[PDB]
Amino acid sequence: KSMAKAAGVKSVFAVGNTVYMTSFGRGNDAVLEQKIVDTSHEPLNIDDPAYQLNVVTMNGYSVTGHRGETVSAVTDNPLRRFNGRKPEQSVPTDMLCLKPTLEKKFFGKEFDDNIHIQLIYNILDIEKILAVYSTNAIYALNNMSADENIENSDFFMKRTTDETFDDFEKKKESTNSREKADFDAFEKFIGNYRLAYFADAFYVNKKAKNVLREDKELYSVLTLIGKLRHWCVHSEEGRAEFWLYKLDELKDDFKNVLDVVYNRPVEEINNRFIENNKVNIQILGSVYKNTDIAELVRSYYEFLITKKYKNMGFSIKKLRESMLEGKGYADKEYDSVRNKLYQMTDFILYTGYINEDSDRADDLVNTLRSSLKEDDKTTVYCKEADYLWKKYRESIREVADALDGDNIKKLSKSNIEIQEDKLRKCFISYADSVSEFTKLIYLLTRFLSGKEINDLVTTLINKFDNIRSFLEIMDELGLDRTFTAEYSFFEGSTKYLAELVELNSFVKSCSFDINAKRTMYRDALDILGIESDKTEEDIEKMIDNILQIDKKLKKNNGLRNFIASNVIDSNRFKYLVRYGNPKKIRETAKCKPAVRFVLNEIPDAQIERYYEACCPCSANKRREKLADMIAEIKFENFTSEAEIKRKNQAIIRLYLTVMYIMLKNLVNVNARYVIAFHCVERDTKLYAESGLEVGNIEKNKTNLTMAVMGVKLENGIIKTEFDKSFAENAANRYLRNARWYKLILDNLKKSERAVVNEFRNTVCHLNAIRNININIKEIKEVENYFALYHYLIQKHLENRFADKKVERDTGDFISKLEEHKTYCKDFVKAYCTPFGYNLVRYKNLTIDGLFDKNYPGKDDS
């Protein structure tokens, strides 16, 4: 929407007395355009300008650019920020007024410019996007313990890298009671049958078989994840504050375990590439007679794994099926080998366009870049496809007639020896030459969904690209880039970016272990709610009897083998079994308002499909009628009678989707408050250095927002009222406003230290939705996930504060929370006060409508 950004004005920096401007270069690169010194402009980039200045004024610059459509826009002078209607030109400061402190921390001294602060804030944001995912992985691992009752377990909380497994093993005969339980929890964790759900991190493939890793390696993985969560959320004093940025000093055991876990896919991709694609390689070698097979395998590797020339500027898939349309290859005979035939045809087209038809590819991309309507694009594709078919008909037929029958088997067993030294110089780098930060990121991604795997890496790509662009900009201007010894990790930001993009080239979701079907069957029974009178030591025997494991399902066993054949292998069940406690997600599925409201986010196509598969007329009554089908699903104990069974068998996928969506987005909601508390700790640490008496944050979490606001606690409560002088003497720019200072003070006067402490503990340990089955029991309506999550956490707080002394404000809040079966809109802003020093974050995390980026709504005062 910003016409200034549309016209190409990437940034407006301000260093010293001058002001520099930049434009959008190639991708995320920034290129200087011109500099301003007191309404006098000296242009830069004379060779290829991006925009020109029409009139330059003290309070703004007018530009016109030709990025897309010629649009004229106006920018504002950075030196004039906070210098309007009441020394008129100075470098702007941040909202928190921590710019000098952050600069003196990251770099060796103060800087009289606002370029370094943006890089520092990007570095800070790197930690923000890691705490959300790191505490999410810890949620899954801690939840894999399958605790049935109320669970407050904390295993990874105490884990630290400073001690190795040799010292940890010394706690077996230790005379301290706490260390006994510390070791017993680890023993129970490694003895768990559900570690097979993360076989890529907990299992090693050594006919051979994949077995559980050694205890030392399991402990190292667990300690690494726990310490990453600890460092991401908390802010430790001393050298522990720079653990992620000085992972070089990790112990030998942790280094070796990181190397081993990272080497698992790379060895599977490089060392057995020929063995995995032998049939295709041999067929292509027979086709391309004149080429060298050593170069052919390298080209195939570039086409499949690296995929660096694949961005040819046109859709090879669409080209291939415009070429093959209307021919004999659409028959039902070739679907058994389509997966190889189509890919080999794509490789043939890609090689042709790379080598001999590069000019034709350039002409095609030029024509496509100026295309008007959809009719033109398909016509150009049809013409190119006609040429490609007339050129490659014989080769395609030769491939197709040698891709069936005994020939596939013969080429699948025949040995092929190939000089591979050419392929080595293109193989993706092993763990030997890959940095510990990226290896740790890879290890972390083993414990979360594939969608979050992509999101976590890509955000890191963007952040490191921004860091690199900022660093490059300050080298052109002659500024200082050299970080202090604490943060020297960022000097190699280019190589970290390269390693991260290389990792993203091949990263996939977590992989199960083939010997993990009995546990998944039991888990599916628990999730669907099928119960048996048999004990724990007999249900396993019954599962072994039915499976007789490579499955051998007996005849006419009914739901017993129906589940084993149709619900263990489902992708939805794979997603849900590693996320959410199986014996708990059934009870929360009984919340009719919760399932009814979550069904609104489900696509109107999925809803129609599953309504047509259960009932035999508006969408609202459709959703309502299928919501109670999801809620009260039932089965047997372990015409219409079979019909009501088939209905519940059909509703299984929608049930699993509903549960997974609810749990995932509730954890996403909790991630915001995890980030907020991390920020509170970090900013307390920063303000402590700047010269502000912040007190002890651990005792009272509102100490930051009290010291910044200027108030203090005496006799347990604040004895200071509103006075306009306090607003203007605030430590940061957020609280300089009188009305919001007053509102934050008012909400702060009705909070409790213990309540805020437990809010912090519940947000960090994720207990609010770990005991979701208890805290969701009585809800009248659900309006959004903000409301649902806050109801859950308020119910948890009331449940624990049942017998402890609670003062008038919290008592009134709990009374409201019990009278109305919905979250109390005042309790949230009462216990959200530790974020008051950051007013925008505080308002985002208190009133809904402002909470969600994708769901804007009206804000009430």
Second form
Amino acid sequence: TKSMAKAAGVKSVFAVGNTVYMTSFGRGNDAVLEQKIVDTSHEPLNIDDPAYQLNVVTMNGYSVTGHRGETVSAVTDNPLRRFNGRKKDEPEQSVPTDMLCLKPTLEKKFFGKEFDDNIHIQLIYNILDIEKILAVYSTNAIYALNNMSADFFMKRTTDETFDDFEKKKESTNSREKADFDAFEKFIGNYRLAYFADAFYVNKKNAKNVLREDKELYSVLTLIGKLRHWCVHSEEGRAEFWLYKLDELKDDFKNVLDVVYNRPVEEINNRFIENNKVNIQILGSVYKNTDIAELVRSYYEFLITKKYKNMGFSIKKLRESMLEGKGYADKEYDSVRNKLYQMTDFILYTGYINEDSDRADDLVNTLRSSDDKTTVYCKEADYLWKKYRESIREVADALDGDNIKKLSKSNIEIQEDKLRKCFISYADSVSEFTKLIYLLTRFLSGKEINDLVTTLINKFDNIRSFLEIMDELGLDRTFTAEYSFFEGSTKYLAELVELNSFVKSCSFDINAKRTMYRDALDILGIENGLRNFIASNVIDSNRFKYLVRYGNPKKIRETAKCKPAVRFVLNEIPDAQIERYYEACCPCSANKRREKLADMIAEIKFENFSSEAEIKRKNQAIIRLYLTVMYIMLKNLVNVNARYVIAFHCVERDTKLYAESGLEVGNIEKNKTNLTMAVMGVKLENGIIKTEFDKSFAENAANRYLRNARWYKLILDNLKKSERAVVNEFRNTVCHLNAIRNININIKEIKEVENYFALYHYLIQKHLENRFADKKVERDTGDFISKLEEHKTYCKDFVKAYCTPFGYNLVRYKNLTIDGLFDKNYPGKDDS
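Swap state to the form described as "inactive state" in its entry title from the form described as "active state" in its entry title:
Chain alone follows, minus partners and molecules.
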């Protein structure tokens, strides 16, 4: 269940020295200081509108009741008593540390000094989360540019201007000429038609053509170094690269500007023309406000998407206040779409113009409160009794073409302003945001939303912590290398602006004559009907993902692996399966899937042979085959993203512990060194000769491995691991070779229980293929033998090569025990 303390409004419980501070929820993510406690003595800080009050205060707990929404009573634990409770021989009361014991080093890196409080560590961890998510969504981008090859993108740095790169053409060193020849080969690929916004430009003659060679190199280099910086841990001045993007060479800035300006120029030029009808009608019904200001407000409402960020579902509000009314009838379907939207502005302006005060009641009652529906019903009730006359007037203002059309050929505009208050061009947006947009040209669909939303959340959290620290009187002055975060408010605004217009995709150019072959190969076809299948397969949203992150001919072969297809169809609900079968073949639920899996695997041209039903049949078959293939590839890529997180964390924590004084060894040649440094064990003659003892458990470097049980399990697993196996596992995960060779690695599978099993079977088979020609250790040989015998992923083998993540117990258990892996498909623990 949700935390009762958060229901009462206790946002956070900070600790500063011998004092503990409690905060409440303000507007949005802002925080308001409420109470301060000094050893059972308390003095409230917010008096104008308290969110909660303390009833009984003891050294080991604080009791609250809350005043807003449901009066829910709750108890909060004193942060100063953490790790200092009963059975600990009554230790002193002190400020807590993070589980990795990296709080002193992390604070000394981002700030100049150690701090006696726990506010700064949360800001540092949010920055770490930003880097973590950038690693995931950057390693996927380079994979897209690697896939089209059917190396260069590694070790590509931003201190090499294209004026220098061209000199490499006649260079006598073969290792450099091969690097240049890789670039020459890359730009001639027809698959560069995909990711159009990053490599193609529009010009009059008008048609789309490739950019110049200079601009293409800048895009590849910028994305290339983003991966290298966000996966490796650079040494020297290069480690602050993302936070010092103002120092880039002129070529990289110009390409970023040109890429960023295209959508902002498209949208901002059509605003008046595309929305003229709505503006005039809204100004007719809202004539009390000046037209010049009023049209500016509508820019905030729709173009900037401000009306959806208010903290509650305005969609639900409108749905609940338009209950059972005649103007919403289907007989006005030609108006209903606009009637809702013009009602939405009437809704949005209310909580800003006049009734801004009482939006707090709605945003707080919902939080303190499933039974949350009646809150919407009550709130929607007042909405009608006030806005009935207003929205009914709009309901007839839109009536008839006499206004829905006369609003266009009137051709009257204010036209007086100099195009101000719009979305900013490239000259005003910071370089950090412009690099995010370039990264999003290569991701697809939900990934864009995930990345942008996560970035917005983390930056907002950083801003809230900074404001709290300003209120408390603490020092926040970042080090000179990290001045990037001082203006976090500015970077938040640009990302919120970006989320409004980012297209979540990049539409391909009008050169689909080349995509004909790929679209035919994805079905294994290779007259007249062929062009129809090509036209339908292309422009299907699920085909865009398949041809970017996969190879068309390889995808068809994996459709022949029956268990992989059968598992995907089981995830589709029973109602949907019935719909497909009704269209695909004009019975038992289980048997319906079996017949469907037979047809999707053996799809041929002959299967595609009045005419209306046959046209509809082929549309269903294409939609089904692409849907199944999209689901399997998406899940495998997302699972592989979980391990790039783990390896990024390993390579970051290695350097973090290096500064703390713990000897770690060279992480490159053996990736299990970090977990050996934490447990205080050292390799000797290639094996761990130190047996288990309770003394080593107590002297562990971090709190995770002070668990007596889990030290033994990890130590037992390290003995079974091998250096080469872990290195090849690292190489496979970061370059996504497990998905690149889905053609071979999935051939002999027997049963797929979840996407965890399917993913780890692909990696283990790849490891078998890689080491079949070389000597292996006895444990690896036993694991390979078990894999061959059972034809399913060996559970013990997973615990072997996932050992470099052992220093973080939670991450180790999540990435080695099935069921604890995915939060959407929970399962029982197996340890």
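Numbering follows the first chain given and starts at 1. Think of the rigid core as the biggest set of C-alphas that the two forms share within 1.5 Å after superposition.
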Where among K825, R800, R67, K816 does the Cα move by 2 Å or more between the two forms after the core is superposed?
-> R67
Post core alignment: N696 C-alpha displaced by 2 Å or more between the two forms = no
Verify the C-alpha shift of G352 between the two forms: is it 2 Å or more after superposing the core?
-> yes
Superpose on the rigid core, then tell me if the C-alpha of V501 is displaced by 2 angstroms or more between the two forms.
-> no
